[PDB]
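Novice: Each chain, letter by letter, is given below.
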Amino acid sequence: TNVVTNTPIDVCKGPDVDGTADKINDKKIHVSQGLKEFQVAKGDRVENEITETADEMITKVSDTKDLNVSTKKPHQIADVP
Amino acid sequence: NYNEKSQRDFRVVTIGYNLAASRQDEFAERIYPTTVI
Amino acid sequence: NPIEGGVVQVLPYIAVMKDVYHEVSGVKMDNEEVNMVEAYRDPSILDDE
Amino acid sequence: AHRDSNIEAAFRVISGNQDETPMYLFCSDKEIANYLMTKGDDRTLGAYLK
Amino acid sequence: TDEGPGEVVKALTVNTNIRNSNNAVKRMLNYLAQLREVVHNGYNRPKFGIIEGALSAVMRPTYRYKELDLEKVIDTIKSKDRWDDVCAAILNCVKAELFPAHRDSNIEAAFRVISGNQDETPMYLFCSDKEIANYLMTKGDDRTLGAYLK
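Chains as they are written, first to last, in the authors' numbering: chain A, 54 to 134; chain B, 164 to 200; chain C, 201 to 249; chain D, 599 to 648; chain E, 499 to 648.
None of these hints come from the bench; they were simulated from the model.
Treat the hints with care, since some could be wrong.
Capping the alpha-carbon separation at 30 Å, the derived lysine-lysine pairs in BS3-like fashion look like this [to be verified]:
hint, chain 1, residue 1, chain 2, residue 2
1, E, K564, E, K637
2, E, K648, E, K628
3, A, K89, B, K168
4, A, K125, E, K524
5, E, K570, E, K637
6, A, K125, D, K637
7, E, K593, E, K648
8, E, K524, E, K628
9, D, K648, A, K113
10, A, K125, E, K508
11, C, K218, A, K118
12, E, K637, E, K648
13, D, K648, D, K637
14, D, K628, E, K576
15, A, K125, E, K578
16, A, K125, E, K648
17, A, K118, E, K648
18, D, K637, E, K578
19, E, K524, E, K637
20, E, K524, A, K126
21, C, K228, C, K218
22, D, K648, E, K576
23, A, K66, B, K168
24, A, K113, A, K125
25, C, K218, A, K113
Using the sequences provided together with the hints, build the complete structure.
Specialist: As C-alpha cells, this is what we get:
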C-alpha cells in the first residue's frame, strides 16, 4: 500500500471517443477560429510582460528610517564553566 | 499544432525595491550626533 | 497554474550612474551603472568632488 | 561572508522591513546533523543571526 | 513630460544621507591617522593648534595603536571554550590599553570641569564592523570595565 501526502493529482478521464461513425449534416457548414486556444493573446498583447514603467515599480524611497539598525536586543551568551 | 504548451504567458512577480536612509545611521549618529545649524 | 507553465521575475532598482558623455569612437558606454543597494556596503560609489 | 556580502541590505531593500536579517539553514547529512542538533531553542549565531 | 516620479525623486535625499554616514567614517579614520601623528610626535601636554578638537587644549592628547593578531593573543585549551576565549582576548586587550590611557589622559578632569557635574563618568563606544561586533555584543551584558567605566 502507498501513501501520498499533500500532493494534488490531476487524473485524466481519458477520451469519450467511442468507435462509432456518426453521420453529420454538412449541407451548410460554418467554421470560425478564435485566437483563444493559442494563448497568443488573452485580451491584450502583453498582460504578463511588464505593464508599468520602471519608475512605477519603485515602491518606497524613504528619507527617514535607515536600513542599518543592529538588532536592538543583542542575544547574550552565558559563561561556560 | 497537435500539441500546445504555455510559452507566451507566465506568472509575473515584481520584486520589491525599498530604499531608506536617515540623516545619519546609528553608527555615525552616535559618534557624530546631529546638530541643526 | 498549468496554463502558466513558468514564472517571470522583474527586478526594478535605482542606479547610480557616472555622468559621462558618449565617446565618438567608443565601443561601449563608459558609464559606471551600479545599484544604489551597493552603496550600503561600499558608499564610496557615491563620492563626488 | 555576512559582512563581505550585502545580503543583509538586500533583504531589507527587497522586503521593506528595516528590521530584517536572513536566517541560515544548516543543510547536512544524517551523520553531521546529529552533531549540530545539540543546542536548544537558542539556534543563534553571534548576537542576532538565527 | 508633466508627471515626475513619485518615489524616485526622494532618492536624491537617500544618496545624500548615505554620503553623510560615509563622510563620518572617512573623517573618523582620517582624524585617527592625524591623531597618531600628533601623539607619536611626542605631544602629550595640552596645547592649542596641534590637532583638531577644541578640547585638545584641555586634556592630554592620547592615542594607542595595537594590532591584535589573535593567533598570538589568545590563550585557549579546548574548543568548548573557544568563543569565550576569542571574546575575552579582544575585550581584555581593550581593557589593558584603556585603563592606562584613561589614567594618562585628563578625560575625567575635563568632563568634570566642563559639564559641571562633580562626578561624571565618560562612556566609551566600541566602534567596530559587523564581524567584530558579533563577538563583543554577545558578552556585552555587563557593560562595565574594571570598577566604574561604562
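Novice: Are the hints correct? Go through all of them and say.
Specialist: Quick rundown of the hints versus the structure:
| no. | hint | result |
| --- | --- | --- |
| 1 | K564/E x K637/E | 22 Å, holds |
| 2 | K648/E x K628/E | 21 Å, holds |
| 3 | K89/A x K168/B | 13 Å, holds |
| 4 | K125/A x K524/E | 25 Å, holds |
| 5 | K570/E x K637/E | 22 Å, holds |
| 6 | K125/A x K637/D | 24 Å, holds |
| 7 | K593/E x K648/E | 12 Å, holds |
| 8 | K524/E x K628/E | 17 Å, holds |
| 9 | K648/D x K113/A | 27 Å, holds |
| 10 | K125/A x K508/E | 27 Å, holds |
| 11 | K218/C x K118/A | 27 Å, holds |
| 12 | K637/E x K648/E | 14 Å, holds |
| 13 | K648/D x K637/D | 12 Å, holds |
| 14 | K628/D x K576/E | 26 Å, holds |
| 15 | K125/A x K578/E | 28 Å, holds |
| 16 | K125/A x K648/E | 18 Å, holds |
| 17 | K118/A x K648/E | 28 Å, holds |
| 18 | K637/D x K578/E | 13 Å, holds |
| 19 | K524/E x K637/E | 29 Å, holds |
| 20 | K524/E x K126/A | 28 Å, holds |
| 21 | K228/C x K218/C | 14 Å, holds |
| 22 | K648/D x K576/E | 25 Å, holds |
| 23 | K66/A x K168/B | 19 Å, holds |
| 24 | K113/A x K125/A | 24 Å, holds |
| 25 | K218/C x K113/A | 23 Å, holds |
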